[PDB]
Amino acid sequence: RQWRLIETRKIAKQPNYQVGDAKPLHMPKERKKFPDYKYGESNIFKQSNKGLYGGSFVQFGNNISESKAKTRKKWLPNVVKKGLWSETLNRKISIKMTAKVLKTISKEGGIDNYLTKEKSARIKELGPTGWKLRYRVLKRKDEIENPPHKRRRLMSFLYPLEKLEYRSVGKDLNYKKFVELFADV
Amino acid sequence: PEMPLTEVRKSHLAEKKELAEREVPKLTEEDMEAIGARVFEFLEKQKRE
Amino acid sequence: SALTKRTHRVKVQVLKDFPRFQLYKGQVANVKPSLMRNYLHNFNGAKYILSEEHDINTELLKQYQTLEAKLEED
Amino acid sequence: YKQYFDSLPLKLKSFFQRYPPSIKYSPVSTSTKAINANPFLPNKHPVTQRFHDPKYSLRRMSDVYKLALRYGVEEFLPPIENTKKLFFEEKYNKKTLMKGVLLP
RNA sequence: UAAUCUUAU
RNA sequence: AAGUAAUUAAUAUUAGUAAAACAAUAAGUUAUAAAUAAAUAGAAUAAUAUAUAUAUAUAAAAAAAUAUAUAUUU
RNA sequence: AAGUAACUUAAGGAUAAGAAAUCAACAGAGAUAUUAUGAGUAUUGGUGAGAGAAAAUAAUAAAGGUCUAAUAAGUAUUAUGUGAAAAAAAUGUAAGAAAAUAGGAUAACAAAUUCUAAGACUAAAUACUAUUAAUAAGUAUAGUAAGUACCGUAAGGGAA
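Residue numbers (UniProt numbering), protein chains in the order written: chain A, 22 to 171, 203 to 237; chain B, 249 to 297; chain C, 10 to 83; chain D, 3 to 106.
Don't read these hints as lab results, they were simulated from the structure.
Be aware that a few hints might be false.
Below, in silico cross-link-like pairs of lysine to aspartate or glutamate (EDC-like), each with a Cα-Cα straight-line distance of 20 angstroms or less [stated by the list, open to error]: (1) A:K117 x A:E129; (2) D:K46 x B:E263; (3) A:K34 x A:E62; (4) D:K93 x D:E76; (5) D:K93 x D:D65; (6) C:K56 x C:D26; (7) D:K26 x D:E83; (8) D:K4 x B:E292; (9) D:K68 x B:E289; (10) A:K153 x A:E62; (11) B:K293 x D:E76; (12) D:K15 x D:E76; (13) D:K15 x B:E278; (14) B:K265 x A:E139; (15) A:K140 x B:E263; (16) A:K162 x C:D64; (17) A:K34 x B:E250; (18) D:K57 x B:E266; (19) A:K128 x C:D64; (20) A:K153 x A:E139; (21) D:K35 x B:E263; (22) A:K153 x A:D163; (23) A:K160 x B:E255.
Please model the complete structure; the sequences and the hints are all you need to start from.
Rendered as structure tokens:
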């Protein structure tokens, strides 16, 4: 097979922003939660952006009679709503799937496994939703593997002292501001 | 935020690192000379015939 | 297909009692894929086992075997 | 000699640079991690146990071999025994005629 | 009937 | 304000070239053999069709058609 | 007619293609692209209208090969409904492999041969715009105003 309707897609190349450079005119309010999906978000069978369609877009072709009188028809995939169990998330995740995709999931032995397969083909035939799910699972796995220590209290201890010092000079100091200051330190 | 690397990807990376760590095959001056001499001999033989 | 339905199985390990489906905790069974995805796999109730070495739980399986032996005796 | 070597075609020169003749590369398929792994053969990766495709894909390998033949630098290239390709006079001589040719 | 599945809170 | 342009093919006339031409690195096109659905067949074994060539046919002929031979090749 | 107009979406200075599971044929060649030739030829078609390659040979063209992948399965294939007039690759539904001891390619088969899918990157030759420069058996109705006056509720039209 091929992933033509996926890998044809192109997204505007964001310029790498240096810390000292000037701002863009429209900077967003809330930050980027998820990683950027290489292949954007489908602009044709937008039905499939909400689910795990397995790179199965709608076809259009011809109904043909005994007289060979051609008439345009479309061929939809066998989509199905299906709440499937994630071991990593410890909850079942309900989404639209192609019956094919459900079969693949069953073969691979789980939904998390399906999401996390490292092949490029899989990545292509994950949606934007599928990509987000993958990210959620992978991040959770990483957390499970590696808890922070294998600092917050120190910051909390120092904060009031820092505030007092600021006041003695003359200025007031908030927590949030303190946190912002001492993130990289 | 960058997506984390899955187990297979990590293993591949480790393998690549191990490969890099080994001594790299590089074409020595001596090897080039040996080749060049052989080429010359071949040319001489061609000229003769 | 009907043939497919008959012959398609999925090797799982149950991690929970399942009285309706006749599957006792720790048992390693070749179940129907539909059954696995719908009933067994939910709430960490069972687990898919592709690689028998890495995936499978050993102690649970041993316990199941012991239970089966006890049943046979009785 | 050095000047003559330099005068060799580009692809051949590049090959010699990146797989030099000091290393006696294997005739048979090997581990991908090995130093003597033949770039023309499909070597097996030891962990996954999957045959990697040859480092030089078959066309490129053939071109390299033809270049070597032209300039008489065959034996410095690693062996093409277990790659099924023969070339020119050796191919002509060693081949069996088709069943259709011998037995119509 | 923990297949689907409607509704309500 | 209205038979024109581009890409082809054919015929004429002229000019160059000529059993060659075009183009010139090659490659190709056209003619240099007629044919026959097509195949591996192909034009005087003593000269004008009463010779020979191919197609039907066939032991080879004859018989239709078309084609080919009468110092210098068309 | 024609995947053309039209409508939608998205990306870049270009993009697309690109380093062979390509062709071929017992010889062999070696990414892609554009053009010529092959060739209106093979092929094809209510065997009508009509449509029509490739190999190979040259032009153009750039450093033009090169690791990025722990080597690729719900994929190869298959069945089926579709599917660039030739020439296939794709795609819905569903079945479904194998490890180079392999696999793709040819109704089929037997030989032989070739190549490595289900992972990648890639200048230049190109489209377009704008500019400068040069040439015009082009323009004074293609010579500067004007999208103005004006018509229309509007899109739109459109002078001298």
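Going through the hints against the structure:
Among the hinted pairs, A:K117 with A:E129 is consistent with the structure: their alpha-carbon atoms are about 18 angstroms apart, no more than 20 angstroms. In summary, the hint linking D:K46 to B:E263 is supported, as the alpha carbons are separated by about 14 angstroms, within the 20 angstroms threshold. For the hint linking A:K34 to A:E62, the alpha-carbon distance of about 15 angstroms falls within 20 angstroms, and the restraint holds. For the given pair, D:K93 sits about 15 angstroms from D:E76 by alpha-carbon distance, which is consistent with the 20 angstroms threshold.
At roughly 16 angstroms between alpha-carbon atoms, D:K93 and D:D65 fall within 20 angstroms of each other, so this suggested pair holds. Using a Cα cut-off of 20 angstroms, the hinted pair C:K56 and C:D26 holds, with the two alpha carbons roughly 13 angstroms apart. Restraint check for D:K26 and D:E83: the C-alpha separation of about 14 angstroms stays at or below 20 angstroms, so the hint holds. For the proposed pair D:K4 and B:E292, the alpha carbon gap of about 16 angstroms is at most 20 angstroms, so the pair holds.
Taking the CA atoms of D:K68 and B:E289, the gap is about 18 angstroms. The hint holds against a cut of 20 angstroms. For the given pair, A:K153 sits about 12 angstroms from A:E62 by alpha-carbon distance, which is consistent with the 20 angstroms threshold. As the CA atoms of B:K293 and D:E76 are separated by approximately 16 angstroms, the hinted pair is consistent with the 20 angstroms bound. Between D:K15 and D:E76, the direct Cα distance comes to roughly 13 angstroms. Compliance with the 20 angstroms bound is thereby established for this hinted pair.
With a C-alpha separation of about 15 angstroms, the suggested pair D:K15 and B:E278 falls inside the 20 angstroms cut-off, and the hint holds. Between B:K265 and A:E139, the direct Cα distance comes to roughly 19 angstroms. Compliance with the 20 angstroms bound is thereby established for this hinted pair. Distance restraint check for A:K140 and B:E263: the Cα-Cα separation of roughly 17 angstroms lies within the 20 angstroms cut-off, and the hinted pair is therefore satisfied. With a CA separation close to 16 angstroms, the supplied pair A:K162 and C:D64 stays within the 20 angstroms bound.
Taken as a hint, the A:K34 and B:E250 pair is honoured in the structure, with Cα atoms around 16 angstroms apart against an allowance of 20 angstroms. Between D:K57 and B:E266 the CA atoms are separated by roughly 18 angstroms; this keeps the pair inside 20 angstroms, and the hint holds. As the CA atoms of A:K128 and C:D64 are separated by approximately 15 angstroms, the hinted pair is consistent with the 20 angstroms bound. Pair hint A:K153 plus A:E139 holds up; C-alpha atoms about 15 angstroms apart against a cutoff of 20 angstroms.
Using a Cα cut-off of 20 angstroms, the hinted pair D:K35 and B:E263 holds, with the two alpha carbons roughly 8 angstroms apart. Annotation: proposed proximity of A:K153 to A:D163 holds, straight-line Cα distance about 15 angstroms (limit 20 angstroms). Only pairs whose Cα atoms come within 20 angstroms are accepted, and A:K160 paired with B:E255 is accepted, the gap being roughly 13 angstroms.
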